[PDB]
Amino acid sequence: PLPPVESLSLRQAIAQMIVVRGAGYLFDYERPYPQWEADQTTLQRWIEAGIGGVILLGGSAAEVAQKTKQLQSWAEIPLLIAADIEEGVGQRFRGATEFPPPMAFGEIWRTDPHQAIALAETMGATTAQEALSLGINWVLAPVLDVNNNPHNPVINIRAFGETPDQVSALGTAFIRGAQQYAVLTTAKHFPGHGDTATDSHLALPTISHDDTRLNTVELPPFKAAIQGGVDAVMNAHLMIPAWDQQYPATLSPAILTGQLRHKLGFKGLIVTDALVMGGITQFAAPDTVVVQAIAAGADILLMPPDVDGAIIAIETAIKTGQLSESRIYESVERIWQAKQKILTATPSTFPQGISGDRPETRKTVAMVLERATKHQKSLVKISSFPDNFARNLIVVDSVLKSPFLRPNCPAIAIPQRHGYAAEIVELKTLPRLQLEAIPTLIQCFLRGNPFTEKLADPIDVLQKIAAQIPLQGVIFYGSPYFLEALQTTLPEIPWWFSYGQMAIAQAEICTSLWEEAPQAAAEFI
Amino acid sequence: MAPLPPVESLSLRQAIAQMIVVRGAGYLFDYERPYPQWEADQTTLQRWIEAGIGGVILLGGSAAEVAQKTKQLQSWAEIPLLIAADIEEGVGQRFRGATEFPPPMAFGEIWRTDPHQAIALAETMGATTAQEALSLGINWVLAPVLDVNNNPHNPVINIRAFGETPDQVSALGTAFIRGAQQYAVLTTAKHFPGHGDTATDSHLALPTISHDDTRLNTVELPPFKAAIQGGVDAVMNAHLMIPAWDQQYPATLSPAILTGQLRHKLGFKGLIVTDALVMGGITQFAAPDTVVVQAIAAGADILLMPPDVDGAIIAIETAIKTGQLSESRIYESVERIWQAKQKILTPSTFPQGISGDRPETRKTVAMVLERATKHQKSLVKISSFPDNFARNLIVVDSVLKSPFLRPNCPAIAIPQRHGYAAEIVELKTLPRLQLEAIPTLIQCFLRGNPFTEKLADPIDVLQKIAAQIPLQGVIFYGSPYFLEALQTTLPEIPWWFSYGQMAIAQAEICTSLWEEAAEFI
Numbered sequence: 005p006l007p008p009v010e011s012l013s014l015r016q017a018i019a020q021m022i023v024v025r026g027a028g029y030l031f032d033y034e035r036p037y038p039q040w041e042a043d044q045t046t047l048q049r050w051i052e053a054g055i056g057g058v059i060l061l062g063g064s065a066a067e068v069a070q071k072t073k074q075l076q077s078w079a080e081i082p083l084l085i086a087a088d089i090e091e092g093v094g095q096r097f098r099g100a101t102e103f104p105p106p107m108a109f110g111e112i113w114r115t116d117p118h119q120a121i122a123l124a125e126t127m128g129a130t131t132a133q134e135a136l137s138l139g140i141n142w143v144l145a146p147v148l149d150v151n152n153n154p155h156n157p158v159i160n161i162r163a164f165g166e167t168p169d170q171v172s173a174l175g176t177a178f179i180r181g182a183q184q185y186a187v188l189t190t191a192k193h194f195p196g197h198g199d200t201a202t203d204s205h206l207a208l209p210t211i212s213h214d215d216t217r218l219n220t221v222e223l224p225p226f227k228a229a230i231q232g233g234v235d236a237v238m239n240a241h242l243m244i245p246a247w248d249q250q251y252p253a254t255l256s257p258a259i260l261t262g263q264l265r266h267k268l269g270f271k272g273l274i275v276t277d278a279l280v281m282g283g284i285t286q287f288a289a290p291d292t293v294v295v296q297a298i299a300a301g302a303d304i305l306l307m308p309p310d311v312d313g314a315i316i317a318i319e320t321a322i323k324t325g326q327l328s329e330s331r332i333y334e335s336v337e338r339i340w341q342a343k344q345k346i347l348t349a350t351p352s353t354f355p356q357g358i359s360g361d362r363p364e365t366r367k368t369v370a371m372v373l374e375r376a377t378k379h380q381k382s383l384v385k386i387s388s389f390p391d392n393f394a395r396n397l398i399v400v401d402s403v404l405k406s407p408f409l410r411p412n413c414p415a416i417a418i419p420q421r422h423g424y425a426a427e428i429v430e431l432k433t434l435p436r437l438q439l440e441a442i443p444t445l446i447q448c449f450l451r452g453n454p455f456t457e458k459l460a461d462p463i464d465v466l467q468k469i470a471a472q473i474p475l476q477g478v479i480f481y482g483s484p485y486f487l488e489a490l491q492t493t494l495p496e497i498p499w500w501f502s503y504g505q506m507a508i509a510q511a512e513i514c515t516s517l518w519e520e521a522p523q524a528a529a530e531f532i
Numbered sequence: 003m004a005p006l007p008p009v010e011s012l013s014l015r016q017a018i019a020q021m022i023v024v025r026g027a028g029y030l031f032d033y034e035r036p037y038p039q040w041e042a043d044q045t046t047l048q049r050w051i052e053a054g055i056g057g058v059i060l061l062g063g064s065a066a067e068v069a070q071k072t073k074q075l076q077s078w079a080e081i082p083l084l085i086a087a088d089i090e091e092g093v094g095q096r097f098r099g100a101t102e103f104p105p106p107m108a109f110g111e112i113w114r115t116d117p118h119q120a121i122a123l124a125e126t127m128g129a130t131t132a133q134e135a136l137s138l139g140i141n142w143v144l145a146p147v148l149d150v151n152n153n154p155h156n157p158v159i160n161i162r163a164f165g166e167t168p169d170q171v172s173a174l175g176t177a178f179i180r181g182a183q184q185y186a187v188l189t190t191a192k193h194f195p196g197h198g199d200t201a202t203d204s205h206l207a208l209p210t211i212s213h214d215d216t217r218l219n220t221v222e223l224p225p226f227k228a229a230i231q232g233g234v235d236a237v238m239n240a241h242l243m244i245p246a247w248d249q250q251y252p253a254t255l256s257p258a259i260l261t262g263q264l265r266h267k268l269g270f271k272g273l274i275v276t277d278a279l280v281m282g283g284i285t286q287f288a289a290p291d292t293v294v295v296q297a298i299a300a301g302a303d304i305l306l307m308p309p310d311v312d313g314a315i316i317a318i319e320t321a322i323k324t325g326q327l328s329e330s331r332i333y334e335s336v337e338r339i340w341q342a343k344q345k346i347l348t351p352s353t354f355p356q357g358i359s360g361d362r363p364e365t366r367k368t369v370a371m372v373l374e375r376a377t378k379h380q381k382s383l384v385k386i387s388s389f390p391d392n393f394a395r396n397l398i399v400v401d402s403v404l405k406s407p408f409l410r411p412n413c414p415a416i417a418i419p420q421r422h423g424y425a426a427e428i429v430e431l432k433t434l435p436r437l438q439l440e441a442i443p444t445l446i447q448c449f450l451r452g453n454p455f456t457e458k459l460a461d462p463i464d465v466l467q468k469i470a471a472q473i474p475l476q477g478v479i480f481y482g483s484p485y486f487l488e489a490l491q492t493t494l495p496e497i498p499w500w501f502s503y504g505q506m507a508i509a510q511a512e513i514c515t516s517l518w519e520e528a529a530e531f532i
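Protein chains in written order, with the entry's author numbering: chain A, 5 to 524, 528 to 532; chain B, 3 to 348, 351 to 520, 528 to 532.
If we strip away everything but chain A, and leave its shape as in the complex, we get:
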C-alpha cells in the first residue's frame, strides 16, 4: 500500500514527478543510447531517492520482465513503468505481440467502422494484457493526433486516421480495450501533432490554425478520450500561436492549464513529451524547462536532461517563491490516484499473459493487415524465373532500424523461391547504385517515425531505375502517401502495399505476387 502523501519529504515529493529513461537490457554495456539511458548505479540511486517512474526502450520481452522486477525491487514506492508501445507490446519488446500500425485500423474504418472498432479494442486489450505481463503498468498510447498533413514525418501511420471522427472512434476503442486491465492509458500528443511537416524531435513546429479549427479537427479525439477516462495526457512540444505566441505547449499555462486542465476538465496526469527532445531543448535551458513545465501545470516531467539538477532547481524555485510547496503536492495527489489504480492488479508473470502463438491473436493481426492492404487494380502478376535469374531489391530507411529484416524472413525467402536473389540497400544509397539489368522486384520499407526529418520519397529514383532496367513490380510496406504519385508516374508498373513491415505482413503480400507455386533454403545457421 502507498504511504500517505504527507509522509513524503519534499525532495521525495519532487522526485515522484520525474520519470527517467532506462534500457530494457539488463546490463550497462548493452545500452544502445548510454547518453540517454541511465546506467545501473544511477538508476538504483534515482529509484532509492524516490524517482516516480521509468520509461524503458529496447530488449526482448523476457529481458524486460526481468528488468521491471529488478527496478521495482529497489523502489520503496512502486514505480510507474512506461513504454511507447503504440503498435502492440511487441513493437518495442520482441517476443510479445506486434500489431499493425494504427492507420491500418483507420483504413478499415473507412468501409467497415464496426469491425475496425472491434479490432482496435482487441489491440488495446492485448497491449494492456501483455504490458502487465512484463511489469509495464503505463501504456503510452493511443496516439490521438489526426494526420491531415500527408507530409508529417513524425506521426504518419502512427495515427489512427486523417479525420477527427475516424481517430476519435478508434482511439477510444483502444482505450476501452486497455481498460479491461489495470494499466494507465495515455492520449498523445496534445493538442495534436497531426498537421505539420516538422518533427519535434528535431525542431520546434508551429501549428498556425485558429481556435475554431483546433476545436473542429485536432481536439475532438482528445475530448472523447478524456470523457472516456484516459489516465494521462501527454503534450506535444509545439507552438500554438492561437493560444500562446510566447511558450510552446510544454511551458504554456494557457495551454496546459487553460485548455487542458480547465476548459476540457481533464483530471488525470498531465505529462510532458520527452524533455531531451530538440523541440524543447532549443527553446530553453534544462532548469528553466522543468520549473516552467510545472508552473504551466505538468504533473510528470518525462526524461529531464538533468535529473539531479532538476530536483535542486525545483527546491530552489520553492525557496524563492517562484513555485509553491503546495503546488508540488497537487501533482503528487494525482500521481497517487494513478498509482492506486495500478496497484489494483493481481500479479501476472511472463510468459503467462503473452499471446504468443494463440490463434485468435495471430488471426487478428493477419485480418487487420489483409483488410488494410492496397494494390493497383490490374490482373498482372510478378513473373517466376529460373534460380538467381532475377533480383529482389530490398530498400529500407535504415538498416540499423529494420528489425523486421531477419535471416530467411518472408520478403526474402518467398521471392527467392521464384528466382529473385536478395539485395538489401538503404534508400539514400540507391540513387548511386548501378543496377544490373535483369528483372527486378523492388520492396520498399519506408514509414514515418520519431527522428525523421522528412518522409522518404522513392518516386524519382524508382522512375530513373524503371528506365534503366526491367522493373517487374514495386511493393511498399509502411507509409501509403506516395502511392498516388507512383500510380501517376509509373502506371505501367504493378504495385502492392501494406501498412505492416513484420514477417506476417511480408508473407501475405509476397505470397499474393505469384501465380506459380514456389520452387525448391539449405541454410540453418
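It is possible that some hints are incorrect.
[Unchecked claim] Covered by chain B, according to a simulated footprint, are these stretches of chain A (three or more residues, beta-carbon under 8 Å):
1. 33-39
2. 296-303
[Unchecked claim] Straight-line distance between alpha carbons at most 20 Å, and here's what the computed PhoX-like set of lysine-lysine pairs gives:
3. A:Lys345 - A:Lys73
4. A:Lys432 - B:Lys432
5. A:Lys432 - A:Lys468
6. A:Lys271 - A:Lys345
7. B:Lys267 - A:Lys405
8. B:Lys405 - B:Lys458
Calculated directly from the structure, the hints in this document are not laboratory data. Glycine included, C-beta positions come from ideal geometry on N, C-alpha and C.
Fit chain B to the given chain A structure using the hints.
Frame of chain A; chain B shown alone:
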C-alpha cells in the same frame, strides 16, 4: 529430481530416440522461428520430447528467452535432455545478453607472443562459457573447435580455430576445456579428424582431405588426442572424405574412421557425435534413411539434426529387424549417453550466473581484443570533418547476419562525431556503388563461418575505390587473411585490424583513429 532408470528399462523405440538430437529455436513461439524448415514447432517438440528424444540443439533468442525455453523443454522430458548450442565464441555469440568473447583465433594470436597469458585467457573463456550456459539451462557446449586452420582460404573454419599449428591449438583447446570443467556441462571436440586444411565448406559440399596417415597424426590429430586425454565428453565428426583411412565412406558414415581411428586407436570413451545431418556435404552423399543407419553402424552415439526424425526412427527399427543393425548396438550408445547425462544431472538460475557488467569478465574481453589487434606499425590519426562532410562506409558479408550493427553502435557513432556519415552496404553490392569523391573511411566486417562458399576478398574493389576517391583509411574486423594483400596493394592507405566484430571491438578501433548523438529512439 530422481536418478536415471536402468538403460535396459527403455523400450527399443525409447532407446533409439535417446540417440537423436533435434533442432529448435530459442524463441518461445512458432511464428518467431527464422528457419521453420529446420526448427520444430512447439507441438512437434513436445511430441518428440514426450516420446523420449535424447536432446535439443538451440539457435537464436535472447539469453532470457533461452532460459524460459529450456525450462519448458525439460518439463516435458521424463529423462533429462541434453540441451546443446554452438557457443564457440561465448554464450553471447548465440544468445544476446550473455557474454560474447572474441573468436578463438584472437587467443591464438596472443599465444604467439605470450603463451602463458593466452592460456589463462582461454581458461577464463571456457569457465565463463560453461557458467553462463548452465544458467540458461544449456548443458552441452559444442566447443572447442580443434580444427587447425592451416589453409588460409578455409571459408568455414577461419577465425573459429584457435590457431594454425597443432601445438597452439592443443594448448588453447585444452585450456578452454579445463575452464569448462569447473562446471557440470559437456564439452565437445570438433570436427574430427579436423576440418582445417580445406577450402571447401562441408555445409555446401563434401570436402576431401588428401593427407596420408603420418601427416594426419602430425597435424590434424594431436589437439584431438590432447582433448581426449584431457577428458572432453564428446567428439563431433566432420563430413569429410579421408581417403587415407576410408575410400568409400566420409568420416560420418565410416566404421574405419569412427570406430577404428577414434573409439579404438585413440581410446575415446565418450559420445561420438555426427555433425548436423542436414548438411549438404552429407545429404549429397546418401538418402536420409541410409545416412542414419550407416552412421550408427560406423559408431555414432548421437545423430544430430536428422532431416527426418520420425523417418529415421522407423529406418533404424527396420534395420534392426533386417539384421543390418543389432538391438544391443542401440543400448551400447544409450549407456554412453547415460554416462554423459549422469555428469550433468541437475533449475536454471538466469540472470544469476550471467557475468553482465562484471569488471573481470568485461576486462578479459577488452584485453583479448586489445592484445590480438593489428596496426600499420606507425602511429596514425585521420582527419576530422564538419558534420556529414565525409563518408563512413560500412561493408558487411550479409546485412541479415550482422547482429553487431545496432542503432548507435560505436562503428557508426564514433566516426559520425568526426564528420563521417554512415552508409552500410553488403560486399557484393559494393562494386556497383559509385562513390562520391569526398573523404571516406571504409570498415569491412568480413570473416569465415558456416555457409560460406569462399572467403570474402575486398582487395580488388578497395583498389578500384582508392583510385577513384580520397580514402582516409580501411578497417578490417574478422578474418586476418587479406592483410598482406592489403598492405602490398595499397601501401599508402592506413589500416587497422581486430578479430572481434562486437560493439566493444568497434569502440576500441574507432576511438584509436582519432584519440591516437541526439537520437534516443
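These are the hints, each one checked on the structure:
1. 33-39: holds (count 5)
2. 296-303: Check failed, 0 qualifying residues.
3. A:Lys345 - A:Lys73: Between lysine 345 (chain A) and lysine 73 (chain A) the Cα gap is close to 19 Å, so the pair holds against 20 Å.
4. A:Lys432 - B:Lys432: This hinted pair holds, its Cα atoms lying about 18 Å apart.
5. A:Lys432 - A:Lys468: holds, 14 Å
6. A:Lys271 - A:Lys345: holds, 14 Å
7. B:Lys267 - A:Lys405: Distance of about 54 Å is beyond 20 Å: violated.
8. B:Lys405 - B:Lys458: OK: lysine 405 (chain B) and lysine 458 (chain B) at ~16 Å, within 20 Å.
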